[PDB]
Amino acid sequence: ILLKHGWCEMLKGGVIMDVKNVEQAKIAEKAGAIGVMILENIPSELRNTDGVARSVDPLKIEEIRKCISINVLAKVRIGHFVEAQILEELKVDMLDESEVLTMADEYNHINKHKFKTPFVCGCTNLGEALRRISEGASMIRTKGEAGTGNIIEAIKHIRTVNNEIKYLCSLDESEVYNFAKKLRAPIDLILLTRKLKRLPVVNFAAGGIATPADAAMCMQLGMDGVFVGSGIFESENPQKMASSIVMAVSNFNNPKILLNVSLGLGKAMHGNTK
Amino acid sequence: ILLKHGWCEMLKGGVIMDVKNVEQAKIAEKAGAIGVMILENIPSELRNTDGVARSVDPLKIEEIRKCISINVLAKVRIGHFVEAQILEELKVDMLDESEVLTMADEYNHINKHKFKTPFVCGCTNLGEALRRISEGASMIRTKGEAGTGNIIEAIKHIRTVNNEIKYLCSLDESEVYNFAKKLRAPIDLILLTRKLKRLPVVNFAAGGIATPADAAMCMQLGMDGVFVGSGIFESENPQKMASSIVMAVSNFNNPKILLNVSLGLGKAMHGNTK
Amino acid sequence: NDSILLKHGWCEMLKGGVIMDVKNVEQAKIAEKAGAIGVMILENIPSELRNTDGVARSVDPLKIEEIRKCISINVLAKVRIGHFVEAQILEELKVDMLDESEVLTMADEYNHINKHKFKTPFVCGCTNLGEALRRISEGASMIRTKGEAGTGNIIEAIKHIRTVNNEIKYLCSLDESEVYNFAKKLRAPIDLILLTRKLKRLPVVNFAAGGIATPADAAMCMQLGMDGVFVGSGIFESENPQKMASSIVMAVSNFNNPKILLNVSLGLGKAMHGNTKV
Amino acid sequence: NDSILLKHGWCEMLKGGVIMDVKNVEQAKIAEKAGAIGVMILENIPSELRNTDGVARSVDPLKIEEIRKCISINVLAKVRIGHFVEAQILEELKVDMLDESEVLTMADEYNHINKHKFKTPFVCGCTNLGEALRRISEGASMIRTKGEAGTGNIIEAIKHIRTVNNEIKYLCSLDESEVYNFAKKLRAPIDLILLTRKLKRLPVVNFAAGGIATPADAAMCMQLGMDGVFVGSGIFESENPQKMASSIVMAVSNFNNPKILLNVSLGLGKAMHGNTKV
Amino acid sequence: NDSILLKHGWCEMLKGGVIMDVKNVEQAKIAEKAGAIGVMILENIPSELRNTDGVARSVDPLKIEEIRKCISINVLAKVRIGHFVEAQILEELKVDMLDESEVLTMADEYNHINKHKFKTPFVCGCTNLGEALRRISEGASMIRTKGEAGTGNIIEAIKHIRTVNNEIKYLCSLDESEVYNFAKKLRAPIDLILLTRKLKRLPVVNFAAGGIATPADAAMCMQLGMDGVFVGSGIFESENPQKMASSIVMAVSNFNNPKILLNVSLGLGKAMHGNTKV
Ligand SMILES: *C[C@@H](O)[C@@H](O)[C@@H](O)COP(=O)(O)O
Ligand SMILES: *C[C@@H](O)[C@@H](O)[C@@H](O)COP(=O)(O)O
Ligand SMILES: *C[C@@H](O)[C@@H](O)[C@@H](O)COP(=O)(O)O
Ligand SMILES: *C[C@H](O)[C@@H](O)[C@@H](O)COP(=O)(O)O
Ligand SMILES: *C[C@H](O)[C@@H](O)[C@@H](O)COP(=O)(O)O
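Residue numbers (my numbering), protein chains in the order written: chain V, 20 to 293; chain E, 20 to 293; chain D, 409 to 686; chain C, 409 to 686; chain X, 409 to 686.
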């Protein structure tokens, strides 16, 4: 039912961070992250490599879980219901069926209704978000452009979803059906979304967040929170970058604080344009 | 709710006939039609004309209704909710939001949930049928190729819907979501359709039915009934054509009867290939 | 500003009304007898102008003289797009309103009339919000849809109604920072975009126009939130012009009443045949 | 198997024969008087169906009744491709054979009739070996060429004859391992391909059909190894139908005899004008 | 028929099993120690063959001799597509099964091996139902998916599994009359299509093959209804081949048990890096 949602609700105002190990995960707990996202590799280092990126060894997760007390999350390949089965069995707080890993099924996503473990999925537009939720995702995030340290695609996606909801809310009761068709989304979720003027699940920004300014910007555009990986551990000073981002996120409307935690941060991740 | 469906159920095994007047409508009652479909013009005569085809003068309907006792049905232009409002007010047994009339709205169909009067809509494939029902249609029909007297498009549509339901029923629980997207149909009706191995409403053949053999063929392919217009009143002998088609439809698996009522029928409508 | 407010004051009184195209006195009295709030005087009705390749210009002023003294409702006329001199003449003839219309043959392909230089209010057509706002920016006091004039087919008018109406609602939802690129996209003047946003509607009276053949068509345009209707071809190319005219007016006045709408469609006669082009 | 063998037994008796299209009793007796082994009953002959855009369906059964009691030779009829119900009716009327024909307007664009569900034997058309074998796979008991029906032009029938006949000889030459990819290429059922290979011919009677206008045309089809001929338009649109009909039959019976072939072409009259399309 | 039934009897015993590619004795014992039901003997594993432009042929028979006397499980080998002579040699060497494989360099681009001429059973690859049925029609006793061999990426195998599995279910739903055009569309032999339809599955054992890098991948293929798995590159290019091999087998034997599946993935080591091509 919706204890899944209930669980996700506690994430509002939070930062989840990608970690490949214990020190990284400890740094994250010390920063005030509400959760870590455990990966073999963090997206920036997965970008010049043509290997098959799979969900992480479950031993790696246990090692890390016992050394921190915040929520523990992991990635699964799109469509790989067995990697999910294994991790659900292991008990994780949340699964991210993620495009950063190598797709396991080119046409079907995981039937997320078959799990007690809640799922987060990626999205770049309203129809896609609503399709992920129809399959049972409990939470959404933008895809951005993982590991590039460039906020632009994240911003595009945040606004695309927002503007489509606005167009949706501008439509009269009869116009919503043809819209549903165009979006290729289920009418029932389209109508609920219209009812709320937002997505019916929690909705985080993700991909390319490199500075506290980026994190706060996503928040000011109405996101419920943020995922950050590359931006922390590719930066000059990861603990301090991690800490500032969480502060930015907790105080996104406070320029005094945004200034303060932005001072003296060191070099952000170089990132990659193109 | 579903007294709408309930009403439609009584149509199973029936023939509805297009009439532009009283004699034609009387001929239809005498043939054993369960209903007439009242039009300014019948589709064959609407095909070499470039006029705007609208729903019929409501006086014409009253004139005809009082002179017969079978069900009375009329056409409305696609998207013309006011022509519907007027006819719902007049009390008709059923509305056909029909492609044979001149579309009034190029993007939106009538919000059929706003009416007590039940609606029939056209279709050529499963997704389209399910979109019409999502908008509140209580009954579906194929579009065929109205007024051409050629059964081929009707047959295509009957089988397209059937084969898509079969593909739908061949899919596992996770595969149904991507299918829904491809069909651009609402998941909830897709799942109900899958649950039944047929459309969730009554489903008639329509367009191009010219002989008892055609009518029975549609029936043998699993339709619940038939609409015929041009095939009757463009034929050499309309009363006898009307009578035979109803017999064919009531006895579609009976070759002895199909033969009998096909004998001596006169020339069917010339029709139009191309 | 005061001349703009003055013209807007005037146009408000058209709200809820029907304006009928006419060629002659005979037709204008049919219109007044029907309850039209005004007539729009034409050399030819749009259904006739589709059937010729002639140049279509504003009416001889004599015909506005002749008609106007036989009726007491508002008198309007069409001028060709960009033809500021045709307007100067009718401004001098004193007429209640001008329609710079795409139904006549354009006179200037790049410039509409600078409508600010006239005390007579203008109505212009639009198919979307930016176009409307551009027309209003040039001084139009009123807007109508274009639809497909003279075809008796409602489909384009309905598209145009919905497009503007959705664009207006969407614009109102945008954050104030997003309104600049949207203005660019619509190629509309920001300040008229900010005004629509503050009003939550078009800043002028806005009528449905094009292809209205029945009371159902008129009432539909009203149910989609229009303030009124223009009807040309659908009256005088129908079987019974008088009764078609009167029932359109009742439909516009009573657009949310099925009973009346039914009542006035009964035995109405054959509507304009129309043209659903080949 | 036994029903298949039973139908094949029946079709053999057509070998060496001519089957003539007819519309009426008058024509059917001309056919019987000519020595045709059967008539094929039609609402319209193919030359007439090229000159209309009408939907072309199987004949009223009454007309099969009327004709059949005036003649003693075989009675056949056409059903539309995929129209299994038209077939059910004629199966019930009892007729000697059905032709699921491309000359009538297709009823189903993806599926032919499941011919196995009928005791009446079917003939179908083909333009190549795979098509034939597919038709036989669906239960056809007999095959004919399509040619160009009703044009009076022999050129397509000859292509179709040669294509199948060469494909059959080539198939027989292939090594057994090569027969699988060839089956794929022809999109034919392997087992009917292995059967043709073991028989060194089509597994069914195979007639020439389409555009046969003279005894020379019929005899040519026979010299290319066909078992028989269908002729529609070439008889009753010729100058002297009776004499054209009788001389075709003699030509088919005597297809390797120049003297007779000469003899029956003499003073035959003007053959169908035909249509060598623009 | 009896030789076919005899071969099918044999292939059944592979059900539930894992077959592992090997190059040498050392690897084959790792496979036997892991519980593989057989090894597939190769000059090079597929991950190595992607990294060269060499011609890839069946293994030197000496290497089948050497390996076979050091293990007691089934011994299989690859022959090049269409290379019936390579098969004749291995048939003469007596090996438990042959794989006519697309991983080796094709020997004939138009013809696969006529597998009926061998007592040794063959396995072939497929990416859809028609292909499978064609392979079985040529005498394959067993089928596997192709997937993307040597890439360690499961995505193509999963597509291939689903396609065949859906096509099989759909075929079973079709009415008997629709089965002919579907056979044409798949370019498959009708009689093997009718057989799949009567069995409601492929008429042969059917394994998953290509890109299986983890126990999760193997178990997924089994949950999608496959009867078994082949694994090449994913074992011996992983960190700990022995433990990866044993845990794959347990996953295949216990594919519906999360607890075990978890248990055998724990601390497994780094799986083959793989290649998600540029
Ligand atoms: C300008 C005026 O004639 C409008 O009515 C025009 O756009 C549509 O008129 P009609 O009713 O003749 O289509
Ligand atoms: C079906 C039958 O009419 C055949 O003869 C046809 O394919 C050719 O007939 P025609 O001799 O009229 O060309
Ligand atoms: C032929 C055999 O090597 C199959 O495994 C091949 O198609 C896939 O192997 P891999 O596991 O190396 O991808
Ligand atoms: C998938 C992961 O949770 C998410 O962080 C990525 O999409 C973006 O991470 P960055 O490395 O871009 O911060
Ligand atoms: C719309 C109407 O109900 C339906 O009859 C048409 O689509 C087909 O009628 P025919 O004239 O083809 O019989």
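If you're looking for bench data, these hints aren't it; they were derived computationally from the structure.
There may be inaccurate statements among the hints.
In silico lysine to any residue, SDA-like type, Cα no more than 20 Å apart, as pairs [unchecked claim]: (1) C:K525 with E:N144; (2) E:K79 with E:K31; (3) X:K525 with C:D461; (4) V:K185 with D:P666; (5) X:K592 with C:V587; (6) E:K214 with X:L582; (7) X:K678 with V:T179; (8) C:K527 with E:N272; (9) C:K431 with E:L282; (10) E:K200 with V:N197; (11) X:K554 with V:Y126; (12) E:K31 with E:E42; (13) V:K49 with V:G285; (14) C:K592 with X:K423; (15) E:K135 with D:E586; (16) D:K608 with D:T571; (17) X:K423 with X:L582; (18) C:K525 with X:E586; (19) E:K293 with C:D461; (20) C:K567 with C:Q631; (21) E:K185 with X:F526; (22) E:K214 with E:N144; (23) V:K185 with V:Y126; (24) V:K200 with E:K201; (25) V:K216 with D:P666; (26) V:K200 with E:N197; (27) X:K577 with X:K606; (28) V:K185 with D:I601; (29) V:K200 with V:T179; (30) C:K471 with E:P274.
If you want the footprint, here are the derived chain C segments under chain X, 3+ residues with CB under 8 Å [unchecked claim]: (31) 511-523; (32) 538-547.
C-beta atoms are modelled at their ideal positions from N, C-alpha and C, and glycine is treated no differently.
20 Å Cα cutoff - pair C:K527, E:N272: Holds, at about 17 Å.
Satisfaction of hint between X:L582 and X:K423, Cα-Cα up to 20 Å: violated, 29 Å
Measure nothing beyond the straight line between the CA atoms of V:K200 and E:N197; if it is 20 Å or shorter, mark the hint as holding. holds, 14 Å
Within a Cα-Cα threshold of 20 Å, do V:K200 and V:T179 meet the stated pairing? holds, 18 Å
Sort out whether X:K423 lies within 20 Å of C:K592, counting only the CA atoms. Not satisfied, since the Cα-Cα distance of roughly 30 Å exceeds 20 Å.
Given the hint that V:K49 pairs with V:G285, does the C-alpha gap stay at or below 20 Å? holds, 19 Å
Could you grab the alpha-carbon distance between X:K525 and C:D461 and see if it respects the 20 Å cut-off? violated, 56 Å
Going straight from one Cα to the other, do C:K525 and X:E586 come out at no more than 20 Å? Holds, because 13 Å separates the two Cα atoms, which is no more than 20 Å.
If you draw a straight line from the CA of E:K185 to the CA of X:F526, is it 20 Å or shorter? violated, 39 Å
Does X:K606 lie within 20 Å of X:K577 when you go C-alpha to C-alpha? The given pair, whose Cα atoms are some 11 Å apart, holds under the 20 Å limit.
Does V:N197 lie within 20 Å of E:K200 when you go C-alpha to C-alpha? Satisfied, since the Cα-Cα distance of roughly 14 Å is no more than 20 Å.
Agreement of E:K293 and C:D461 with the hint, judged by alpha carbon distance not exceeding 20 Å: Given that 20 Å is the threshold and the Cα spacing comes to 7 Å, the pair holds.
In summary, the numbered hints that this structure violates are 1, 2, 3, 4, 7, 12, 14, 15, 17, 21, 23 and 25.
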